[PDB]
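Participant: Here is what each chain is made of, one letter per residue.
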Amino acid sequence: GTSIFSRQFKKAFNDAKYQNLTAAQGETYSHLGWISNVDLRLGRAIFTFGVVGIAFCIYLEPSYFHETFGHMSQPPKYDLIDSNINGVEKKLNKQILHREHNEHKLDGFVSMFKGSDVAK
Amino acid sequence: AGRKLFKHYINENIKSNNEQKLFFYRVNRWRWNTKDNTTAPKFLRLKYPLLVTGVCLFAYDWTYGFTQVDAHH
Amino acid sequence: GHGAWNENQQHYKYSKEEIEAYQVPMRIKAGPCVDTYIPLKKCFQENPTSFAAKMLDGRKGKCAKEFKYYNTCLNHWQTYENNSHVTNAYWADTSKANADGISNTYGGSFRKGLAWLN
Amino acid sequence: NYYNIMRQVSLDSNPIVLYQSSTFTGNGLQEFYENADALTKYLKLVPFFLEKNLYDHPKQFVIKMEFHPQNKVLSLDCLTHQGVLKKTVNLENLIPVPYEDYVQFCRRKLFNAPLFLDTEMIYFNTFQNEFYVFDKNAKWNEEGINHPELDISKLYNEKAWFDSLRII
Amino acid sequence: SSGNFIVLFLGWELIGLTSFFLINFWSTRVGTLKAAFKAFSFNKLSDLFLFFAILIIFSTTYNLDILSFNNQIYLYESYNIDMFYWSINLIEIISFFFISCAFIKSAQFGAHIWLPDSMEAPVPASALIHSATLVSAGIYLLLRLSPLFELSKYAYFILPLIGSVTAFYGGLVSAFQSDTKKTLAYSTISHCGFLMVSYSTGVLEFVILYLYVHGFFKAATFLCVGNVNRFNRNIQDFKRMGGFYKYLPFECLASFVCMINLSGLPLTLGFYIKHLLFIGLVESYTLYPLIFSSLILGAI
Amino acid sequence: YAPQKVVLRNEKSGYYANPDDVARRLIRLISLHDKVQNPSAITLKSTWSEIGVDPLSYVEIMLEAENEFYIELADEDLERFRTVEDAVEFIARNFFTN
Amino acid sequence: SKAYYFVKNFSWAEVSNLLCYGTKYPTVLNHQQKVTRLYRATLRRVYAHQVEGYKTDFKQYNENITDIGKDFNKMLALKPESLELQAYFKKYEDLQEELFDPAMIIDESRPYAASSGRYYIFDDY
Amino acid sequence: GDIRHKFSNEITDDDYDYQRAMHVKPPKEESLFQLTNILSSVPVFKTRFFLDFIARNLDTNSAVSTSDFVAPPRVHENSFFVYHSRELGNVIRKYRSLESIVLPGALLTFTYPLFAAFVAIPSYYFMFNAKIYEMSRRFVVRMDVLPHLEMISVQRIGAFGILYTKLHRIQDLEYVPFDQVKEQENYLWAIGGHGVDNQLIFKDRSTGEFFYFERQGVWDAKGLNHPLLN
Amino acid sequence: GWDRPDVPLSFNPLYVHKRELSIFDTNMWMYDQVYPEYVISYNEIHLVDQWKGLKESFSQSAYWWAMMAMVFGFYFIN
Ligand SMILES: CCCCCCCCCCCCCCCCCC(=O)OC[C@H](COP(=O)([O-])OCC(O)COP(=O)([O-])OC[C@@H](COC(=O)CCCCCCCCCCCCCCCCC)OC(=O)CCCCCCCCCCCCCCCCC)OC(=O)CCCCCCCCCCCCCCCCC
Ligand SMILES: CCCCCCCCCCCCCCCCCC(=O)OC[C@H](COP(=O)([O-])OCC(O)COP(=O)([O-])OC[C@@H](COC(=O)CCCCCCCCCCCCCCCCC)OC(=O)CCCCCCCCCCCCCCCCC)OC(=O)CCCCCCCCCCCCCCCCC
Ligand SMILES: CCCCCCCCCCCCCCCCCC(=O)OC[C@H](COP(=O)([O-])OCC[N+](C)(C)C)OC(=O)CCCCCCCCCCCCCCCCC
Ligand SMILES: CCCCCCCCCCCCCCCCCC(=O)OC[C@H](COP(=O)([O-])OCC[N+](C)(C)C)OC(=O)CCCCCCCCCCCCCCCCC
Ligand SMILES: CCCCCCCCCCCCCCCCCC(=O)OC[C@H](COP(=O)([O-])OCC[N+](C)(C)C)OC(=O)CCCCCCCCCCCCCCCCC
Ligand SMILES: CCCCCCCCCCCCCCCCCC(=O)OC[C@H](COP(=O)([O-])OCC[N+](C)(C)C)OC(=O)CCCCCCCCCCCCCCCCC
Ligand SMILES: CCCCCCCCCCCCCCCCCC(=O)OC[C@H](COP(=O)([O-])OCC[N+](C)(C)C)OC(=O)CCCCCCCCCCCCCCCCC
Ligand SMILES: CCCCCCCCCCCCCCCCCC(=O)OC[C@H](COP(=O)([O-])OCC[N+](C)(C)C)OC(=O)CCCCCCCCCCCCCCCCC
Ligand SMILES: CCCCCCCCCCCCCCCCCC(=O)OC[C@H](COP(=O)([O-])OCC[N+](C)(C)C)OC(=O)CCCCCCCCCCCCCCCCC
Ligand SMILES: CCCCCCCCCCCCCCCC(=O)OC[C@H](COP(=O)(O)O)OC(=O)CCCCCCCCCCCCCCC
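Chains as they are written, first to last, in PDB author numbering: chain BS, 6 to 125; chain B3, 11 to 83; chain BW, 3 to 120; chain BE, 22 to 189; chain AA, 301 to 600; chain AW, 36 to 133; chain AQ, 2 to 126; chain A6, 22 to 251; chain BC, 27 to 104.
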């Protein structure tokens, strides 16, 4: 008599697809209709604490990323102090600063190489 | 021309499958209830935990973020 | 100023009694950075701070003046201990390093991994 | 071992309408745009279409369903983000599924569904491995659905209905 | 916290006896008594070794104070002991007995046979014994008497090899294990091997960090699996466990955090201990190939 | 709290589980089987052969009964069982923890 | 079953007999008892390894149990004194040995199991 | 059976609503920040510009299947199709296509291509080769029959996703029981053989090449019933 | 729900001796009045004896030796 597309039969099948046939009618359900409220709250709290810790590790300790994937492009970071001066003054000062930076790198390298005998 | 081929062996496999007993399926149906089981990615939701993480990282940036030294390598 | 990486700001060398007073762990006492370490420890004692603050502060906050000398000394100490300043040069250019041997002792045995054939 | 053997079916002359959505009752996505209710329902379904596309969840919002008893084939008009499409299904390949089964088929957490998506009346085509979802605000033809060819006494198969789709 | 070898030996025997009682808690069953007796026999062997080492120390130096022994052993390093037919180095023999007892109590390869059977104890007792209480006695001995082992040829050769072998063995057996308590026990064996290898590297700070991380997270994981077993009605095998995330929501997430920390995984508090161990690993060993391969396999 | 007076073991009824529920669950399990034709004909006094359970089908039904009832049944007991009455009696009187 | 396989110094042959059939001397059993006990043991082991196992496949479990059921029906039909029946018994005993798992799950409702005798019950005396 | 209503301080479904993220229940109400609510409320999305963008710039309805019967284009003017793979074929195609982008890209981008290759080699030999690659090599994308030749044309996915078709005589086809190959290739069937049918394996005796058919593949009744294949 | 009868005395089953306690097995049995047990449990009984156990152990550990060799070679050439 009944046919598919009948709402009552569809509801019956939806509720009975995964039923426990060995149980009495009205109590033949297998799913849990809820989750322990206090347990879930505490679990989510501790999970959030762990996630925050992992993220802080990722952020402040990128050593794993550096040694596993290499150094990625760094977002721009600079100061606009040089814009205060303009013209030949700016050009000469910029060239002097560039020369000083290169000389500083070389000075660091040579100092590291030379200072091997500082500690007697 | 009387040669066993795809159709013949498809029928053989269908017959083999039909020979199974539904008793085991009936007793085990409860195991695979969709209302009762999910996947680890679905259960472990990072939506709000990531929001708290962002709040904490923002607080760090605006409290101790100033006093850090760039390390280029 | 213009002092070597092992000397501190005051160019003062602490005696054994002073080291015992400002007791220094053997790990640091073994190295050459005791003179730069002691001022940093004294500054931390004068201005105690939490471990969270120590981790999250990249300039050591109040004790930055002494930490600069200590950090320079630590860099030089560790670099000379592991010979990294020569190993990195050989890694960067083995051929040129052999051409003008930075250290034949290390060059004669150095062999970069086949996987790292950049 | 179930094999997808095709029978090359064809439509008959006079179909019998079984499903007709009260919304989207007009013909054409242009008519849906010009109709107030159709436009808002389309916007609410936009996440449904997004789930169809990016989450690889095979599902279709079905409207204006007809039945051909001579060949026993259902003609479904489905609404997608682009327009109305016509599809044909064989009754032998159509089985009912629970709403939770429909949700759990996809491994991605689906967006919060709208309130007009009929959860009880969700069906599954095994040949296409696809889901059909109807609209709550709709009209069902009682005489059409009470056709002898649609009876469970003829379309029922325990192994197919209960054991064919095991999501786990 | 022992001030002299006599108090150390007293504490050694006391932990042995109390661990025996905890293992034999189910006194009505004689099956539990067999595991308890196995642990008791191994503990008595370790007591013999420790007692003999203490006797050698007392005969050499007329003192049992720990600080005095640590600050005096270097003077007597050059001495030898005339035994039955061989002239054994004094430091080598003393360190041999100490390392033997330490291996027995830390469940290294060969002497670990009792640890899997000690899981008969209730989960709290198992967690306490396997986290930082019973299985770290050898690590404590090595750390406390480090000046002795620094001048020990036997220690130099034996600590890294046995540590790495135990690490590999425990790691693989734990990976292939199917029972929760057995898995944790074999993981404990592997981490004790890693602790031995860290001490071999010789950075006491790294050893202490490894000990703390392992103890805390092993204990937490043990508690979580105990809740799981209690829910599952004392069935400790997860072949009968499935879909427990909803029935034990807190346990699932707590176990996730505790396990990611315990098993050294990237971007976790437990990655640095293994990183430092590999940083400190020495390369002058003759069996370095086997040592390094075993360490890598155990770590993975 | 237990009274200070001497109290003896109280064997209320030999059944440690509701025998009616045990019997109904066992009958449902039996009816689930393919060889079983008429669930109505099954009674506690009905023998396995007459209800239609073959000797080989019996072991399958008993394994699933063990799974359902959370107990293990020895081969000796399973072979001693002669009717659904005996089966349900043994299962109900069984202490699930032995 | 007493579940005392790993205790009382059983030899491998005795343990195999205990696993396949409830008895240590299967010769005392008759044909029906032998076949039924072996079928029960095979089904129990297949359920343990392919239902309550590591990433178990239920379709494979169904196919395997169906094949085993057909084979055991043929075995029961066969006469006791047949080399074919002997071959079937040897095949399934070998299967039991292959699936033998040290530290296999022992139900708490059986004697000699873990937690079997944790408590001493005081008598009315 | 539920007695929560008997107590005023007992938990409620309003208190359990927060579990809908981790628990699957049919929708009850729409929050203000749901995608559906946002789209239906904000008038920007109602603009014909956005509507036309949705209509055009996305997956088309033309490629959507419209029937349970499929008649793919004939490979040869006289051939007729029998079997065709729908989803696993596309998945294998897209996987093997990675060799045309990841591999040259890896060579031109990675600092240590030799390190990448040394890592990939053992990865391929364990858990990848048997997992996907051998199954794809033996996978049958499509099968047609040429009656004049009395042959079967089989389409296969090659390296970098290239598709190639080969002919095999119907007289050289045999059925290989899964029992004869399970022990030989346990690992292959253990980790990679799930997609294809285990009990419907065929092989060409002359060339010793196997044919794997997808479980979720479409077969033609007429093609199966053609006298050449019966 | 059901009112269970008091815990069964059957939970501890009295053990009745049916075999002579040989003096050659003195202290080789963990004597008990309910569940007597052998002093040593052999779970890996599929191995007939220790010698076959050694053979199986070495044959299977060959795989781990190969794994160690491959890992060391990879680290050695890199
Ligand atoms: C002028 C206006 C300009 C507007 C610009 C808008 C730009 C939007 C850019 C979007 C970019 C993509 C985002 C993707 C998110 C999802 C990713 C994902 O799940 O993939 C993994 C997915 C698997 O993950 P899954 O869990 O299974 O996915 C399930 C669902 O995704 C279901 O996922 P779920 O729900 O489980 O979680 C997903 C979640 C992921 O979200 C996160 O993880 C982010 C967490 C927050 C980070 C906040 C950082 C900044 C703030 C830091 C803290 C500041 C503190 C300030 C001080 C506070 C003091 C108290 O998605 C979001 O990001 C949501 C947006 C964040 C909203 C809340 C932000 C905070 C607001 C302020 C606080 C108040 C909060 C509410 C109240 C709380 C209680 C009081 O893998 C895939 O397969 C991906 C396939 C591709 C899917 C694509 C679907 C979207 C397609 C969009 C196409 C483009 C449309 C363009 C329209 C243009 C119209 C004009
Ligand atoms: C200064 C130079 C000094 C050089 C010194 C060289 C010293 C060489 C010593 C060789 C000692 C051989 C001892 C053989 C004992 C046999 C015992 C017996 O009869 O057992 C029966 C028993 C079978 O009876 P069953 O009843 O069927 O067993 C039941 C099982 O359940 C059944 O188990 P199942 O079927 O489930 O699986 C078992 C599976 C187990 O899986 C495997 O066996 C595969 C993995 C094997 C790994 C072997 C070790 C890898 C290398 C480690 C080296 C460490 C030391 C050096 C470190 C240097 C570091 C710088 O094995 C197989 O079935 C495959 C059979 C083929 C295995 C490979 C045989 C290789 C023989 C040697 C060939 C050498 C050719 C040299 C050509 C030179 C040309 C210039 O045997 C087995 O089960 C297989 C045992 C296989 C042992 C292989 C040992 C090979 C050692 C090679 C060392 C090469 C060193 C080179 C140094 C070069 C320096 C420059
Ligand atoms: C004295 C100084 C005290 C400093 C305290 C520093 C705290 C550092 C915390 C670090 C992270 C560790 C988290 C541990 C667990 C707690 C978090 C948690 O459980 O998250 C999961 C929870 C929920 O996880 P969920 O995803 O399972 O929950 C979903 C269900 N609902 C929607 C109901 C939440 O996360 C959140 O609720 C997100 C919170 C985001 C906002 C964070 C800031 C809140 C600020 C409140 C005070 C505002 C005062 C304003 C005063 C105005 C005066 C005019
Ligand atoms: C019962 C409740 C009790 C109270 C609860 C208290 C909660 C926990 C509070 C923790 C406060 C400290 C947070 C430190 C964050 C990490 C800092 C860091 O990366 O160190 C860099 C510092 C800065 O060092 P540096 O820059 O001077 O030099 C480092 C040297 N080299 C470069 C060679 C490495 O580095 C270290 O000292 C080493 C740290 C190694 C460990 C990294 C762990 C990362 C994960 C952090 C988890 C934090 C807890 C969880 C989230 C809490 C959110 C509130
Ligand atoms: C009913 C009462 C129940 C008991 C309540 C007890 C509450 C305890 C709350 C804190 C516990 C967890 C502390 C964080 C984890 C340890 C952190 C650590 O390692 O130390 C780092 C830090 C050490 O300091 P630091 O790390 O910030 O660095 C110090 C900096 N220098 C070195 C320069 C000085 O310690 C702590 O933060 C822990 C708290 C301080 C110690 C408090 C001890 C006294 C407690 C007084 C209360 C007594 C209550 C008695 C109740 C009796 C009931 C019967
Ligand atoms: C010691 C010796 C060591 C040797 C190590 C060797 C390492 C290098 C190996 C080289 C592999 C070369 C692969 C060739 C791939 C094509 C093969 C083929 O015929 O396939 C045709 C296939 C199939 O052709 P078809 O004819 O079947 O169909 C055409 C395409 N479809 C299917 C879509 C219709 O076509 C392609 O895949 C075309 C790929 C074109 C793009 C190829 C390069 C992509 C990567 C560019 C560089 C990296 C990104 C840079 C981004 C920069 C941004 C600013
Ligand atoms: C030269 C001959 C041809 C070589 C072809 C390349 C190898 C085979 C194809 C590999 C495709 C996968 C590339 C993933 C790139 C991920 C980002 C990265 O680290 O790239 C730079 C790095 C290398 O760039 P690099 O050399 O500049 O990095 C610096 C060097 N290290 C990292 C060692 C410090 O990529 C790799 O390390 C790839 C190693 C080979 C992987 C082989 C396959 C196993 C992985 C399966 C695929 C999925 C992996 C997902 C990984 C996700 C993140 C953990
Ligand atoms: C050859 C190159 C040099 C390196 C030499 C070593 C080669 C790699 C050796 C890897 C051995 C790993 C053994 C893991 C055993 C896990 C057992 C377990 O728990 O059960 C199975 C568990 C699954 O447990 P389960 O419970 O989910 O299901 C079990 C199902 N049954 C029982 C049916 C099997 O995990 C696995 O299955 C994964 C292990 C198998 C796949 C191994 C892939 C190895 C890839 C190697 C990549 C090498 C990269 C290059 C660099 C390497 C050197 C630096
Ligand atoms: C040339 C070859 C020489 C070989 C010499 C080998 C000597 C040592 C042999 C081992 C046993 C020694 C006697 C102690 C027996 C203890 C039995 C016991 O407690 O049973 C519990 C257990 C039995 O329990 P079980 O493990 O079978 O089961 C219990 C666990 N459950 C409950 C899970 C089942 O005994 C054993 O397993 C063996 C214990 C071995 C460790 C013994 C430690 C003491 C070692 C003393 C060495 C003395 C050397 C003297 C000089 C020799 C000169 C050759
Ligand atoms: C030193 C080599 C370093 C690695 C080089 C990688 C090259 C990749 C491009 C290969 C192109 C040709 C493929 C030929 C296919 C074929 O028909 O291959 C057929 C061959 C020959 O047949 P048989 O060996 O089965 O008899 O099969 C092989 O197994 C040998 C070739 C193996 C090629 C494997 C390519 C995939 C590598 C995957 C790496 C791990 C995963 C990486 C992330 C996705």
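Hint data in this document are derived by calculation from the structure and do not stem from the laboratory. Possibly wrong hints are sitting among the right ones.
[Said to hold, decoys possible] Computed, partial: chain BW to chain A6, Cβ under 8 angstroms: (1) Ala23; (2) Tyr24; (3) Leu119.
[To be verified] Taking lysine to any residue and the SDA-like style, the derived pairs with C-alpha atoms no more than 25 angstroms apart in a straight line are: (4) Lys25 (chain AQ) x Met56 (chain BC); (5) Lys91 (chain AQ) x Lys56 (chain AQ); (6) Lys91 (chain AQ) x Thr24 (chain AQ); (7) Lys15 (chain BS) x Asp184 (chain BE); (8) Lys338 (chain AA) x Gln34 (chain AQ); (9) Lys82 (chain BS) x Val79 (chain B3); (10) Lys9 (chain AQ) x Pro27 (chain AQ); (11) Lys31 (chain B3) x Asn25 (chain BS); (12) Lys180 (chain BE) x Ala159 (chain BE); (13) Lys130 (chain BE) x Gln103 (chain BE); (14) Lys9 (chain AQ) x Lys44 (chain BC); (15) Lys93 (chain BE) x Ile59 (chain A6); (16) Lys203 (chain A6) x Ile24 (chain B3); (17) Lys157 (chain BE) x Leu136 (chain BE).
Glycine residues also receive a C-beta, built at the ideal position from the N, C-alpha and C atoms.
Participant: It remains to establish, for every hint, whether it holds in the given structure.
Facilitator: Status of each hint after checking the structure:
no.: 1; hint: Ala23; in the structure: 51 angstroms, violated
no.: 2; hint: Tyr24; in the structure: 46 angstroms, violated
no.: 3; hint: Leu119; in the structure: 5 angstroms, holds
no.: 4; hint: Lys25 (chain AQ) x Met56 (chain BC); in the structure: 22 angstroms, holds
no.: 5; hint: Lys91 (chain AQ) x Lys56 (chain AQ); in the structure: 29 angstroms, violated
no.: 6; hint: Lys91 (chain AQ) x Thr24 (chain AQ); in the structure: 17 angstroms, holds
no.: 7; hint: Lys15 (chain BS) x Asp184 (chain BE); in the structure: 17 angstroms, holds
no.: 8; hint: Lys338 (chain AA) x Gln34 (chain AQ); in the structure: 41 angstroms, violated
no.: 9; hint: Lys82 (chain BS) x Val79 (chain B3); in the structure: 13 angstroms, holds
no.: 10; hint: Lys9 (chain AQ) x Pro27 (chain AQ); in the structure: 19 angstroms, holds
no.: 11; hint: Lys31 (chain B3) x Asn25 (chain BS); in the structure: 18 angstroms, holds
no.: 12; hint: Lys180 (chain BE) x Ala159 (chain BE); in the structure: 31 angstroms, violated
no.: 13; hint: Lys130 (chain BE) x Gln103 (chain BE); in the structure: 24 angstroms, holds
no.: 14; hint: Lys9 (chain AQ) x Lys44 (chain BC); in the structure: 14 angstroms, holds
no.: 15; hint: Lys93 (chain BE) x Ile59 (chain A6); in the structure: 42 angstroms, violated
no.: 16; hint: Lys203 (chain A6) x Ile24 (chain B3); in the structure: 21 angstroms, holds
no.: 17; hint: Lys157 (chain BE) x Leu136 (chain BE); in the structure: 8 angstroms, holds
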